[PDB]
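Apart from one protein chain that is not included, each protein chain of the complex appears where it belongs.
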Amino acid sequence: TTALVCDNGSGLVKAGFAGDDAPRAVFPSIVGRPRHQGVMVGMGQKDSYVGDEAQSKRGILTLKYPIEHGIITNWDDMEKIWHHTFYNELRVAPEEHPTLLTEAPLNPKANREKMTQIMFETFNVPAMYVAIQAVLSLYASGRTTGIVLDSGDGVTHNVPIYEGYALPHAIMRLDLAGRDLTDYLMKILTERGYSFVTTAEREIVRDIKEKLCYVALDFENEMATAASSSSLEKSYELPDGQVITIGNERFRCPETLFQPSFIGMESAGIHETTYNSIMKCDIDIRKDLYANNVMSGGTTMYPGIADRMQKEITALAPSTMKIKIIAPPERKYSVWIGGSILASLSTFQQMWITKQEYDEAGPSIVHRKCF
Amino acid sequence: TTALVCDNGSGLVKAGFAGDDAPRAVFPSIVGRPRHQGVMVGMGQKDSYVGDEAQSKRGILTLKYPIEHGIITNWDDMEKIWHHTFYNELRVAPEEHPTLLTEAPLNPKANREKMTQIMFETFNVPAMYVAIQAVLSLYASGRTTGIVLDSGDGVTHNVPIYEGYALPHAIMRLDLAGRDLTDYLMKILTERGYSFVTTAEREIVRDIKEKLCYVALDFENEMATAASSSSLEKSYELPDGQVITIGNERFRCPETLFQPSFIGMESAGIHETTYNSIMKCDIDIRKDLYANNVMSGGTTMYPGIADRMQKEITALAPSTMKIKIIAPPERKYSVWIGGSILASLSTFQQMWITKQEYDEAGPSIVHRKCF
Amino acid sequence: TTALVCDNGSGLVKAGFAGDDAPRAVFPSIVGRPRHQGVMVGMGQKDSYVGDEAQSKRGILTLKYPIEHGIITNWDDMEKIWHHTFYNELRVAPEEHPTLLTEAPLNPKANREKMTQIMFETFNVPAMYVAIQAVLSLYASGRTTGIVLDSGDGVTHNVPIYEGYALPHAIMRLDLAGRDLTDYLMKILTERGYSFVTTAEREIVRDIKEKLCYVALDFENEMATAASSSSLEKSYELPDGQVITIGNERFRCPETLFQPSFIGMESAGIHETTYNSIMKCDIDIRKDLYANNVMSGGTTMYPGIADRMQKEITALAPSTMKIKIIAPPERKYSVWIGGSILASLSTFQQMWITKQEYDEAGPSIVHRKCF
Amino acid sequence: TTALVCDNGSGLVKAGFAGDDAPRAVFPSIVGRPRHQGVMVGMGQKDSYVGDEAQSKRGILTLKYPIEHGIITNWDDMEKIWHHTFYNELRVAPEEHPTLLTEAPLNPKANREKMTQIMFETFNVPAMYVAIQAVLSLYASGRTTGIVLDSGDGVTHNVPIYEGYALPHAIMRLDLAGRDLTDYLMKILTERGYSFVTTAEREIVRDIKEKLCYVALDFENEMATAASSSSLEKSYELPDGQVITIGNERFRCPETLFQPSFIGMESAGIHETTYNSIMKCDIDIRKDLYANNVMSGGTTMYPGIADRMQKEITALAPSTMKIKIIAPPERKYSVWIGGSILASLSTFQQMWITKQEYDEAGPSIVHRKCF
Amino acid sequence: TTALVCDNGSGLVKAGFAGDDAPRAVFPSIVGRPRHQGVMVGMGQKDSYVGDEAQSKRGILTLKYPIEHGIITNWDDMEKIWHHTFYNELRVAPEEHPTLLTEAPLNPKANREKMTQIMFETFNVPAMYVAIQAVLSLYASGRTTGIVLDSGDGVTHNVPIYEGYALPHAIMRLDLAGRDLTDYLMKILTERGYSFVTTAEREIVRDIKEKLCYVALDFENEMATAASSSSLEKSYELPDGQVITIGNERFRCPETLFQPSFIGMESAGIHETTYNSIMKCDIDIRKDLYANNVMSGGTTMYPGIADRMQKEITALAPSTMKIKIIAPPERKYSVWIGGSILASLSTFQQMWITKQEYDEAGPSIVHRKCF
Partner (left out) sequence: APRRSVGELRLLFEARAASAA
């Protein structure tokens, strides 16, 4: 039976059958529960809404994400998200379809174990696997060698790879991604009085972030230009038709990827952690990592982020190195497309965790087979 | 000349000379305009009354507050409140006295700019500064390190500080304070038919709130006790001698600080936002924040609020942590006392915005120098 | 005047007068600079903190080590560490006290030269010397013959010695030490979700490493025992009172000394590099090197490390050889104790670099006289 | 069928058919095995890489040489190098082609026996021979009389010959060659902080040695010149574009051939062992050995080595003797060219070890026939 | 005063008072100088080791023999060996004790002169003599007539004597002895890969030679037996506990005495030079030389050497001659015992070189008096 790929990343579920060119179910990884009274009988008023249901009802629900910084915090709601994914969106019974899950690297083994337990005992799936998202992101590009920079909703991580052979000591994970960008955008939009505080407003500021924001090529000069002229200001219309206007916030928001100290995060920026990841690699392969920076994940979609990243690494890396960034279109879906490749690769059919192996070895098996 | 400290917080202006132990002008930040006809000539019937003038005429004036949620909404009337403060109450010409203003954190920069414009161009003051109210609240306690919880008329905010070095990412502001408590008290007093609807009645329910209300130590058991016995009921006498009696409303009113969902506010309570603010701090300093919770602002004056806050944070915080709350007497005036310290500190005389700097740099200067 | 011994090793400075039994100043070789805003005036808020000052302020400082892999990378901060060592801890003017420095072997001559320049031109010291730490470690053990294995914070090195006469071709240096152990412990503590990422958290994981970790006698069987039973688990309390629990990480951390491939380090382990160092020695002396393995440096303090090292070398070395390891108590301070012996030894007073010799020969003199 | 010549020297295999002017397969005698995890399926990820394969993948492989000091230590990998030599590089089935092997003199008879076993039982070759490399080096020059100095990657040896009649008592072998030069170059490049420790870095320092190093004509004065001026410094660009600069290390590296005590080797230098080899010869022939020094092997390629060798032997040898050194171009390949001559010489076709003789006499035959 | 006997042969000094049955000081004629960098203090004040001290420090010293082929090549170190002999071992002032030196025959007169100069001008000895070692070897046996075969460390010589009257034309000296046996043993131990190259290893192969080697009675059949069976193999344990195993090398080493062509030495063997020495004698005395072959010197200690020598001379000599070899126990010390007899013989007290005769005649006197 055709395999199934379910990227339970943060923020958006991407799911669909393996071998498809694009995920046929993309919806937010949200569970919402009614905030207010139940005044009006004659309706189911059902206890919980997930995905587009929750977005369609946004303003009466306390939205929550059950996966936070790539870690599943709320298994009771995550099992609802998987149920919705399989039965309502894909409309398929998982007990016929081996499911390729995926997760970020450097992630608690309790998560991979609970995902295994849930897949094999709630959904009875014939087989399962848990690929590293950055390893999947190579397949969607066609590379065999490169640093992958994945930057999602909840986590950002760097994984260098060379003809295979991921270098596990050089992997880095940052815990800074689109939610921290949304919350900082809310904090700076407070500077001119657009008070957003509800999770519905968090979900609107996520849209403002996606529609308006871009990464400055030269932050000091863009900041001076936005200070000297209104040419960088853009207007956006809230769901109630209130117009807002945004200025230096438009690039100060995604700039925090390059200057994490804006959100008080101590870590080196994404350019610096990219360089330090290449510097953890053996000196022979660094030239091909510089020649093969692969960008993936939704928070790499900002206009100009590839240009800024290339400028910053060309300033970091030795002057001879041909710094190149592979930031294609659809890099938002590249982790799923990589899973759609891998799950349909004939060499991979050896790799599944069969349910017999789980019945013999329990959740611990998924540390032995999967990377 | 001795500096001047004017805490244009919401609800009450606190103003006075620096070095005094207490603000010598405390009056409500109210502008009132005659509601009815002007039938009786032979009097000035003057167009506007402010402060105690407006309270003395309360029942014929449409009272309005020109600062709302810590934001000045009505500069034409706020400039009247400042005029009254300087010329009628303090009886002093501001062009001799450098004025320390203060405002809540995470507040629109348009406010700080318009305050700067007004101080330098209407009142010609020699110099000005705009300290964060919570930073001032440390000085009145003598701490250098602590959580500050300021809870005013219009806003509530948490600011963690460590030997200095306020952590700006861990600041939180709630937009829930004494006005929302007054309006909810009016809504629940409607449950036994004390219909209060005028702003004069809002100003009486503010007095009922201050005189009678207290914070329950164990809300479910206090609610059951008020249901089972009248022992918690208190009687109050309205300005016209009508007696009212109040029961579970007496603690249901300030309970909304701990359960904002009572007013439909989605946010976490003040104990939860205090804990989450400590959780935004680096893990080494949390023990001293737990050991140094500072409470300030008039809505921290409720009997039992320190006991309830200590119970709730001791339930939230790890069992070993010595949770301590510094909620002294006069914590209502601690923001002004902190300004009276800061404005008279010899190290601070470098920090003033001089009028020469304003003539050089316009309103934008107050974002560069002030925190 | 009484000589002065200043072991600017990595991680901890050990300093004190010669002839004392133990260094009277031991403090971390850290410079910390304020990470956040400077909100609270009325304090010095001083620009930099070093040693226990920086530890006492850990959670608001970006801690940095200016000596990395035994190499001083940051002379501007190292000169602050020397200033603090002499004037604040030892409270002595170096221009009266000839200073015995020490450094690891196989180390850039630019370092030894810059240390010479700084000592003779900043501190005007009457005389100076730069002993190899492992040579000092024989003096501290009363030996004249042996392999020395020094394993510090930044570097590990083997130096075989026979009645004097260090064999310079048989010296080996590994660049693997307590910092690589701390960072690997952080990486594996991520496996159950204790995310440590700040340098303050790195400084807490150093404490976890010192308190809990030990070296397994039989790593495969200890790993199987930790998998089969919780008996090896220990609980530790973080500075904020959050309890963590640790299991196979407890010995997987220091095991990387014996299996550097865990951190991706290619080199042979410390037992193998000890054996290979003996194998570089002439065949007559090997029996006395086997009879005189001297262990020194803080990362030799792990419980059971001497037993594991003896097992591993007895497996490597020929069956007749009486493999013996001299790993005494206080071997953490043995490099300083060896300097306290050498600097006070009557025959060593010929060996000082006098300031006259520096005025005659510049920094190049310290390659001619010192070994 | 045309004979086959396969110089399994150390470091580089030189192989090709007899009668060719130059070896048509020259590649490093390296076997490399993947160092890291096997993360990326969909590739062969094959277990082992040899020669240029291993160089092309250098930075992910643990490179190893299976022949060490001219002695084959690792027959399982040497048999892989022979398999690669015959089937992938020369693309020929050895069972049709009699193979001339060669080895250094004064070498364990177990090697010559295992080479015989492998050639006759793994590769089924029709016939085989094992010439001494220095005897081959005469044929490439056209001499009949001389003292051959071969200096390879793993061994250096002197063999004096006179009209034939190699003098076996005057043969000397030093166990000092290009690997000891590489490792000493790494040790001295550590003196200015280019830490090379991996085998990939060893393989880069081999390139630095080949590109930059030269032999000083007057070592004390060249050392003083490099100390007084930067004119002798050269810059080289590492595979990642990091520039390094090298100075007195440039000639201190190959100087260790003339002063083995630099690497702690006790033996006399190569000039002294050349003279002592002539002094082991009968007094009549010494004049023709002085007139016919033949230099061969890659480590004789250093610029100025012939001039330095001539100076040193002219200082050693009696003043009348016409010391002459035959160090032609392509002397790196002279051992193979000598094998290409010998294997195609019509007189030599009697000399092969036939497989019938091996079936009659076992490995012991190759001590009886071959010199 | 009791005379003094000092056998400065090669390899071992034998010294002691005359009339003693055995030399009370036996130690190697070695001077060793440190090879390595002396880093510790407590060394280097002493910088040259002699005798058993050089053996106790063997692995850090460049050992040298100052007497080579029975010729003193290095008077500066030989004078150290004499100083050590007199002052440290025998603990006696030579200016009271007439010293009987001895040397091999057919030896440069410059040696006998420099020994005379040194004895009379450095040690001021009252009298001196220089007996031929083979003449001394008769006294220890009690013969008056015989061939003496002395075979030392550096030289082997035959001296026929008849009732006195050494036949000076029939003396033969071979320049082949225990050092050439050690070096050939090293060359053949290289055939199975025990690489010995240092002088410390030369000094270990001397021990292997003394412990294991023996002279084959029938070299072809012993070689065939060692080829067919391991019964002749013996195992020996190096100073570091590495076991080595030795086979046909065990008798191939001392066989070179009978077949010098193995080391390329042209001469006839020791049996042939013994026979040719008898053939230089007048035909009447040959029967008593055949009846009185006396063997002396350490390299005559090999098991079976007397049997092999008797077989070989019985094959050389005419069938009637009763070939007898006097090879007693302690024949290693027979030259010293002969000196202990001669120096205490009352007839010999005429024979001393007095210091008055040296003051009259210079070094030339020792050619006139001594044989």
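Each chain gets a letter, A, B, C, D and E, in the order it is written, and its residues are counted from 1.
Heads up, the rule we're going with is that contacts are C-beta pairs under 8 Å (C-beta built on N, C-alpha and C of every residue); 3 or more make two chains touch, one makes a residue touch a chain.
Visitor: With the full complex in mind, choose from C:124, C:245 or C:347 the residue touching the hidden chain.
Guide: Touches the omitted chain: C:347.
Visitor: Just to verify: which one of C:27, C:120 or C:139 makes contact with the chain not shown?
Guide: C:139
Visitor: Just the residue numbers, please: which parts of chain E touch the chain that's not shown?
Guide: The list for chain E reads 41-46.
Visitor: Using the touch rule from the top, list residues of chain C that touch the missing partner.
Guide: Chain C touches the missing chain through residues 19-21, 139-140, 142, 144, 328-330, 337, 340-341, 344-347.
The rule is simple: only the chains that are shown with their structure count from here on.
Visitor: Among C-D, B-C or D-E, whose interface repeats A-D's (more than half the contact pairs identical)?
Guide: Answer for the repeat of A-D: B-C.
Visitor: Measure off the straight-line distance from the CA centroid of chain A to the CA centroid of chain B, and report it in whole Å.
Guide: Here the centre of chain B sits 41 Å away from the centre of chain A.
Visitor: Give, as an integer number of Å, the spacing between the C-alpha centres of chain E and chain C.
Guide: Roughly 55 Å separates the two chain centres.
Visitor: Taking each residue of chain C in turn, which ones touch at least two of the other chains?
Guide: If we look for residues of chain C contacting two or more partner chains, we find 35-36, 167-168, 198, 264.
Visitor: In the complex, go through chain B and note every residue touching chain C.
Guide: 132, 135, 138-139, 144, 161-168, 281-287, 290, 317-321, 342, 345, 347-348, 351, 371
Visitor: Name, in rising order, each residue of chain C that touches chain A in their complex.
Guide: Residues 35-36, 62, 187, 190-193, 195, 197-199, 263-264.
Visitor: Which residues of chain D touch chain E in the complex?
Guide: Listed in rising order, the residues are 71, 106-110, 167-170, 175, 261, 264, 266-267, 280.
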